[PDB]
Amino acid sequence: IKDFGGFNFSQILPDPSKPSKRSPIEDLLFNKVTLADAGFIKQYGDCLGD
Amino acid sequence: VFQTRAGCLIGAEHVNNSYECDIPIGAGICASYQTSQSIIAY
Ligand SMILES: *[C@@H]1O[C@H](CO)[C@@H](O)[C@H](O)[C@H]1NC(C)=O
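Chains as they are written, first to last, in UniProt numbering: chain A, 794 to 843; chain B, 642 to 676, 689 to 695.
Just chain A, with the same shape it has in the complex:
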């Protein structure tokens, strides 16, 4: 990340100091939308117990 002429691209380039190497705006978009499928491995014991 060098002198671009005064241009900030930090909001759109990935942030190294965090996992998954994704942008802050991408973080916000990923947080706003909620999905019912947290994962894809739901075992027989999980459904039998609850």
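It is possible that some hints are incorrect.
Said to hold, decoys possible - Each computed SDA-like pair below joins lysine to any residue, with the alpha-carbon atoms no more than 25 Å apart: (1) A:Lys814 <-> B:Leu650; (2) A:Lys825 <-> A:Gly842; (3) A:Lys835 <-> B:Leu650; (4) A:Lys835 <-> B:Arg646; (5) A:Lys835 <-> B:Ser659.
These are calculated hints, taken from the structure and not from any lab test.
Mind docking chain B with the ligand on chain A? Use the hints.
The following block gives chain B with the ligand in isolation, referenced to the frame of chain A:
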């Protein structure tokens, strides 16, 4: 026995190298028939 995010796969040999996808499995995993020949997952 190899555990992926799409489930656990039985009958394939895991390899550290990366190639182009031939048969899509899911969750970033593909399989192919390669060389004394066997199925591999990568
Ligand atoms: C804009 O870029 C400078 C470095 O050129 C950085 O110090 C600053 O924090 C950036 N802007 C924001 C809001 O992070």
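Q. Does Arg646 (chain B) lie within 25 Å of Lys835 (chain A) when you go C-alpha to C-alpha?
A. holds (11 Å)
Q. Given the hinted pair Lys835 (chain A) and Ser659 (chain B), is their alpha-carbon gap at most 25 Å?
A. Violated, at roughly 29 Å.
Q.
Check the hint pairing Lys835 (chain A) with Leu650 (chain B) against an upper bound of 25 Å on the C-alpha distance.
A. holds (16 Å)
Q: Verify the proposed pairing of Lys814 (chain A) with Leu650 (chain B), using a straight-line Cα cut of 25 Å.
A: violated (29 Å)
Q: Mind checking the alpha carbons of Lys825 (chain A) and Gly842 (chain A) for me, to see if they're no more than 25 Å apart?
A: violated (31 Å)
The structure does not agree with the numbered hints 1, 2 and 5 stated previously, though it agrees with the rest.
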